[PDB]
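Structure, as structure tokens:
Right, chain A next:
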Amino acid sequence: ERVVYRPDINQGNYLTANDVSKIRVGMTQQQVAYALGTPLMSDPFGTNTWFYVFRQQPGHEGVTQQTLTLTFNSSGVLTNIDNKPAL
Partner candidate 1 sequence: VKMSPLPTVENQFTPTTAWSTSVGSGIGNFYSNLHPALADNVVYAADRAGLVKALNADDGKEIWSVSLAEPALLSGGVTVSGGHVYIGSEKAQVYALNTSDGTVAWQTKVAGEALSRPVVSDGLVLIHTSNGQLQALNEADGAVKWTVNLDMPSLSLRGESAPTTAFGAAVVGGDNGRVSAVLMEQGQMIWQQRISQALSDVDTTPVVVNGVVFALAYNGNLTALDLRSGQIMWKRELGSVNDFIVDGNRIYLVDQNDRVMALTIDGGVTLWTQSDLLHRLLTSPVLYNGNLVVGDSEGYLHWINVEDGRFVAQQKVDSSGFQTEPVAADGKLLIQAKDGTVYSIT
Partner candidate 2 sequence: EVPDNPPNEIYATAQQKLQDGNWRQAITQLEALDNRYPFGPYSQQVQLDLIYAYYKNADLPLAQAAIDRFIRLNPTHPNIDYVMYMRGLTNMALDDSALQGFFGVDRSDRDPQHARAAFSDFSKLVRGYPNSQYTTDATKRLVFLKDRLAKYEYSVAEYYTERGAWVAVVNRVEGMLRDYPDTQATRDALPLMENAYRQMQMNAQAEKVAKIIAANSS
């Protein structure tokens, strides 16, 4: 119930629109790391993919999550940018 106190639960990478706007296709992997910092999650199963999840769960308000997915090629060059701002 709403009477039970709950602390805030934060998960993932801290994302700001200014930081996300600096990513371009063709950027090097280290350049992306410089722009955003290290991603806390990545594909373990054989693809060069980075996941930036910006998830905030307030005590009783609904959760919000932004997901930015970056796919690099075999050489480490960014090839696809996927941004889901909500849900």
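Keep in mind that, in the parts below, contacts are C-beta pairs under 8 Å (C-beta built on N, C-alpha and C of every residue); 3 or more make two chains touch, one makes a residue touch a chain; residues count from 1.
Keep in mind how these were chosen: all candidates are chains of the complex that A comes from, given by their letters.
Peer 1: Once the contact definition is applied, which of 1 or 2 turns out to touch chain A in the complex?
Peer 2: Looking at every copy, the candidate touching chain A is 2.
Peer 1: Mind pulling up the chain A residues that touch candidate 2 in the complex?
Peer 2: Checking each residue of chain A against candidate 2 gives 9, 11-12, 40-41, 43-45, 51, 53, 55, 57, 65, 67, 87.
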